[PDB]
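Q: Assemble the whole structure, with the sequences as input and the hints as a guide.
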Amino acid sequence: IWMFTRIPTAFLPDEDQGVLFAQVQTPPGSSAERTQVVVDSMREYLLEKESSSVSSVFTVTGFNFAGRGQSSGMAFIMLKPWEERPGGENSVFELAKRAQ
Amino acid sequence: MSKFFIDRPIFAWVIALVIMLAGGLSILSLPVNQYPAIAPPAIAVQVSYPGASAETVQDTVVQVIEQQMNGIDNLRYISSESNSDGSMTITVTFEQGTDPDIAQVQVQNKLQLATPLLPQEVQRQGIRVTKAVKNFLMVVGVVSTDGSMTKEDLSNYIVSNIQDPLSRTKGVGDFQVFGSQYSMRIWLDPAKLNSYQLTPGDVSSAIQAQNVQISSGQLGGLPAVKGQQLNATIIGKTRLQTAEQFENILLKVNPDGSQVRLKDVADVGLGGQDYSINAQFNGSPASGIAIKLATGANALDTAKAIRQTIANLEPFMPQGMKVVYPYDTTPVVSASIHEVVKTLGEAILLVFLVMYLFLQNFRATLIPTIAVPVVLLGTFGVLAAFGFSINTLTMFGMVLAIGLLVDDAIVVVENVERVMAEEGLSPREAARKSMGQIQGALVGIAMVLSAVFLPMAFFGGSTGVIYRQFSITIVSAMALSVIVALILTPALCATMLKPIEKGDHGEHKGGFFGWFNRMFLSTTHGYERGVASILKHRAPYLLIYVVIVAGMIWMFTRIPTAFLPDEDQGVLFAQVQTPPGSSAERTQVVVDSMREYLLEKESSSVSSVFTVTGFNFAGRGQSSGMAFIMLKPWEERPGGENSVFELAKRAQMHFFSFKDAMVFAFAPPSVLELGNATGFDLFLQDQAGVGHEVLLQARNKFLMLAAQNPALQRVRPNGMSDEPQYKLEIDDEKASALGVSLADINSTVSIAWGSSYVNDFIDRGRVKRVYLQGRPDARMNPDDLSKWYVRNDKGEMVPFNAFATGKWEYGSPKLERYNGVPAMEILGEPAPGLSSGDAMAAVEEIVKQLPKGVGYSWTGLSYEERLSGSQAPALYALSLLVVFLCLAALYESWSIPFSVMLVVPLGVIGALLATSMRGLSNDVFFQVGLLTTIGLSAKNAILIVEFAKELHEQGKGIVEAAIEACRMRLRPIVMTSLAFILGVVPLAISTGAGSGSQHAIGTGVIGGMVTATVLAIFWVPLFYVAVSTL
Amino acid sequence: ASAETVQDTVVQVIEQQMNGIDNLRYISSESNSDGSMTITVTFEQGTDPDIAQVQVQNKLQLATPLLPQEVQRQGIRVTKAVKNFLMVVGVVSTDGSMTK
Amino acid sequence: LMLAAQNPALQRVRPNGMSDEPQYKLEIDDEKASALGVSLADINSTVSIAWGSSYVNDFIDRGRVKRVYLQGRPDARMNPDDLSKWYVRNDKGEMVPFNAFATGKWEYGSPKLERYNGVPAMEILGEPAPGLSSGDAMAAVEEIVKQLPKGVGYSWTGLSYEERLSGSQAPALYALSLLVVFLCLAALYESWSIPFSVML
Amino acid sequence: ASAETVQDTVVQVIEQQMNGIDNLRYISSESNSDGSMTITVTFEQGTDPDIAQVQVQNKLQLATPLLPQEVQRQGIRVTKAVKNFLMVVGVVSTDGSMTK
Amino acid sequence: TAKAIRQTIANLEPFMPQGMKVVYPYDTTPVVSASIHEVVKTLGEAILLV
Ligand SMILES: CCCCCCCCCCC(CCCCCCCCCC)(CO[C@@H]1O[C@H](CO)[C@@H](O[C@H]2O[C@H](CO)[C@@H](O)[C@H](O)[C@H]2O)[C@H](O)[C@H]1O)CO[C@@H]1O[C@H](CO)[C@@H](O[C@H]2O[C@H](CO)[C@@H](O)[C@H](O)[C@H]2O)[C@H](O)[C@H]1O
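Each protein sequence line maps, in turn, to chains A, B, C, D, E and F.
Residue 265 is where the first sequence starts when you use this note's numbering, and the numbers rise one by one after that.
Residue 62 is where the second sequence starts when you use this note's numbering, and the numbers rise one by one after that.
Residue 2 is where the third sequence starts when you use this note's numbering, and the numbers rise one by one after that.
Residue 83 is where the fourth sequence starts when you use this note's numbering, and the numbers rise one by one after that.
Residue 2 is where the fifth sequence starts when you use this note's numbering, and the numbers rise one by one after that.
Residue 3 is where the sixth sequence starts when you use this note's numbering, and the numbers rise one by one after that.
What the hints contain is simulated information worked out from the structure, not anything from laboratory work.
Where is the CB? At the ideal position from N, CA and C, for every residue including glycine.
Treat the hints with care, as some may be off.
To be verified - Cut-off 35 Å, straight-line C-alpha distance, at most; resulting in silico cross-link-like pairs (DSBU-like, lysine-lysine):
| hint | chain 1 | residue 1 | chain 2 | residue 2 |
| --- | --- | --- | --- | --- |
| 1 | B | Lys253 | B | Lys855 |
| 2 | D | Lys107 | D | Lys167 |
| 3 | C | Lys84 | E | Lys81 |
| 4 | C | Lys84 | D | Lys228 |
| 5 | D | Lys148 | C | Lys81 |
| 6 | D | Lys114 | B | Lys324 |
| 7 | B | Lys192 | B | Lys383 |
| 8 | A | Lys344 | C | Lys84 |
What the hints assert, rightly or not - If you only want the chain E side, here are some residues facing chain F, beta carbon under 7 Å, derived:
| hint | residue |
| --- | --- |
| 9 | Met88 |
| 10 | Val93 |
| 11 | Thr95 |
| 12 | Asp96 |
| 13 | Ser98 |
A: In structure tokens form, the structure reads like this:
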């Protein structure tokens, strides 16, 4: 009964499904002028500084998962198979801990 | 199976235990409502074409929609009405079983395809499609106790504040507000407009010009110039909002620089969108909502939850605004759940008593007390599974099932008890012995009763839904009761009962029980002698049997047939019809002289009166009005003199002195959803373009012919009768000779007389509508059109009288169609003591004297009964064939089955006797009650015969076996009859909410239980011997 | 229209009609400053989605006449709502001949 | 969000909305316009064709129906005074300017208003700290929600809604599943001892 | 209207919306000199014809507004029928008094 | 549905004009009736043969 109360609760165990999301949201009022630069940097500071895990990095400005508008962009971060990524610092949970 | 659970009372306890859990888990997911879906699913298509006549609505809207309303599944018929207030309704009606969500989507899709064919003005209105079953849960009423607010204001409020939350209240379904939101009204003055050579058309064009949300793009959109960096939405103006802003939308400016604002030509203020319909609560301006219960909701809980939601709003409501609850169905629903849970309990109590009285043992008394509730709970699980709800009909179903429940338990216990007493066996041994005896016959009787009750389930139509309730709840209980009588109760017997010294019938005990056991021991011997006597002198008795039969038949053809009992719901209708010509103001007085009367003189019965002008149930328009007479709870108005049925008679007489306004009072129908319960419904129909006038001659011939027919009565048209209308002739010769267009004439007459929905403004957030028409005193009389001018080639205002002329003619204030062709509906009913079947026969012959090109079709319950009437004989013949075939297999005999089937009359005679003898009718509750009573009777017969056949086979004479059997079976029979009659009695003598049904069910079973008990105990051995002898 | 108009004249009206729908878990809308809105009606698992859609269409049709004429003539989009993409099928120009 | 950033157990907290944003409140008139310029609302069109790219009709393109848009040049809709460039028609044939009835100021309006169960609302996502579960985060979030101005409540959704359900179920699950084991053993072994032994 | 006119003013405007339809096997169409047209959206075996019809019309009513008024006014038919004719019911004159 | 159709028109013949009879040019149902009637025929022959 004591041991039962001690255990923390989740729903599903977090999984590594070889994917991660960039969620870019420049301060509103801006445009694809700023937004695009803010995006193309983090696309590189990620495609070059982090090519162990990361594979392609499809980017986009306009339609992130939040709003529309020029002050919005994102990216689909595709990764390399599970074999090609040694434990720990190649998990998305880690690849995004410092990517953040 | 029984022998198995006798040694395994724990397993048997477990089964009973899971039946209980399932049933309990089920009783609280189960929908709770007055009735299941009796009416055939239907879909209303509605819209109102402002200013428009019945003709323009029929020929511009209804016809075009009807032409596209096809290729739609399960469609029975389509029927529509076009009205003089510009409203129309097309109702599509589907088979029972049609999913309403599918029906709806199918109808609105074809609407959607037709929408561009409609006039621009109707498209702009909307056209709402909805489910049209009239099975409302309650109706509220937001009434202004003082006179601060009008009907229009109250509405806007209901839709501003009451509505959104009411829709988020748990269990609330579809609902009708009696009115819409505010409309910005603009009332054009013909003189203040003629003085500036301006026309209504200029005002509309202007209003459109200066009240239009301008899109207004983005400030830095895409593409952009390299850099920029700052992008932002540019919000323009949105549409006007206040009356004052509207009063200012400039029309023209004079050469002297002076400007003309809208205010210079008309008044302006928030108002009604449509003023056709008017309603007051006891005298005061009122609106209201009529609410339906959502799929799967609990009728009781939602009524609470409504009142809850409302109350949380009463604080903020303006001064004088009172919410109020004239009609609520919950009292009857609630008064039916209790008046059943009561009778259930009583029955198990009463079984305990007669169980004790006779068996004189507390252990035995517990068995029935366990099993009956086990089975009661089971049945609910079974209902849940099969998709049924807890309703009036499913519950009365449980009440009829009680006899059969109570019996199964008594027969099993009493027989173990007897076997121990006669043969000195031990409980276990007696229990196995007894279930070797019964058992086959129980399986046998489970079949036989299925055969008796299931056919009802395969009735068609509306009456089919009703019977199907009783059918399914009854066979589920019966079936469960048999299962339990084979698993649980013989296990409980083996376990819970003590031994009885062989030969011990308690004649020594002394005291009451000592007296009783000697008394009943003698009664038994007395009965064996009666029977023994009858089996010597047979002929005279078979003779009287034939007299009993002929008596039953004779009696059937003598009792009035009917659909359902005459219930007193707390409500009475009063339809008002002033003369053709009459204004709403006139009608409004006719309905006040009623309210004042009802509300005062009839204070004993009447609580409130909800009155309406412009709406009625045969029609609409200013000569049509009505009162919804509410009535104070059944409790607070006892005695026949304060029955809805009696109040009516008084109300009639009083109103009858109105040689100025046709007025009628009538209790609503048993089941509102269906309307008109006894009678007939049909549409006469122009199936060859003969025309309106011909069609009118047909309906009038029909009427003045049916009234010379002593097979019908009260034969009235449902629609309205043609009334005077003022035609406009326009001489286009003088119009064009004066430089005045023709399209400008029409625009003038629409946008000033009819009214014209121009624009959408914004009121307090929500979007509402801008209406444009002529100020009232400019459009009252024929001379008032001569007040209106139109601009010419140049700028010379030309008065309407310089090119137009009037002329009084007749036309229809309400056009009807049935299945796409013009038509006219006719009601009426069969002559006193004749059947609606007879009435349809008379009518079917009248129809042949109609003009050429006019047919007819039945609709409604007449359409239904025409198809269902044909099947009853077939189903009743299967029923007989299967009951026979089971009895054959059970007794291994083609002939012995006859000795149980011939009890059928024996019980039905006492029912016909009691019900006729007490002035009730051959309706549904009596019919089902009658099958229950014959069920139990045949069960009693089956077992007597079964035991007799066993005794005969172990080597006893036919008469000897019959007497022994009868003696063995008299105790169980008397116990179960004793317990069941007394259980029912309360129904048979009840009063108030639901008492009319409760009487229709009690009266018949008591009667049938009395004659069946006393007669079958003597005639069944007769039949068994009689047939074995052949 | 402003997000505040889109909300007061459209979304709020359509939400009224979606209350009362069988098996409703919750509803979540957005009004945007570009004239766009989305109302999302979510249902308990086991609800048949073809029938939820139909029911949604049934209620919406009642709101429709209460909408601005600029919408009624438009044509409201009703669809089953999946939160997640399965993939992107991209296209890229090798020799630089084609722009975005 | 403040307390979210502060609070030890929370990570990556964020809103789904965007505060407010600058809106150019183009408030115009009719008095100063309808005098020397335009009758009715000839300008109402001028405004929603140059800035707001107006759709006019289709045209076939290499086999396919596509649209034809009509928007003012990029450089003519960039800045607030850049709109005064757009001249309209004068009833008497002449050419009336836009500044003869212009008026355009900055206003602050919301770029994405949200509602939830028919009340305005704001969705805010967030993860749990590393090596804490979603439950811990939830437990935390239900604290940093107590310091809110009475008027503002909360309500879980998506993944979270799904969590809060799964916890509620568990009790009955365990009860019922214990029951069914108890009863089925009690039936198959014709006793109450065995099923009571195995419960323990 | 010419086949070419009906194809590019009506038949293609609808076709471009015919997507996001469940179990959609294939779509075909015809455009003719007599002005008529037909789009036939055929479905997978097992599809509920009621839902197919609801989905088509759901997409068709997004195109409808972009069609020419003279086509809307004519009145569009959406049907869920079999390909062959079941039968034809004819009428003929007795007295030869009635024309075609 | 063929039976249903025969009945809709039958319910309308009484209101038809004078120089006019309804006729059934194409019609697919009779093959169906013919098919099964003809197997019922061979059903009986077999039951007799055996
Ligand atoms: C106690 C026992 C239970 C009864 C409960 C009460 C019944 C509720 C009556 C509801 C009721 C009157 C309400 C007026 C107050 C009445 C006091 C009631 C107080 C009760 C204590 C609502 O009436 C509607 O009110 C609308 C309000 O907006 C109004 O809208 C108008 O203005 C708007 C402004 O903007 C504007 O937008 C809008 O365009 C306008 O049109 C509609 O025109 C008007 O019809 C009547 O509705 C009518 O019902 C008819 C017969 O059922 C029904 O006919 C069909 O179905 C029959 C079915 O059998 C069938 O046989 C008929 O042949 C068939 O034609 C009609 O289809 C239905 O329309």
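Q: Tell me the hint numbers this structure goes against, listed in increasing order.
A: none
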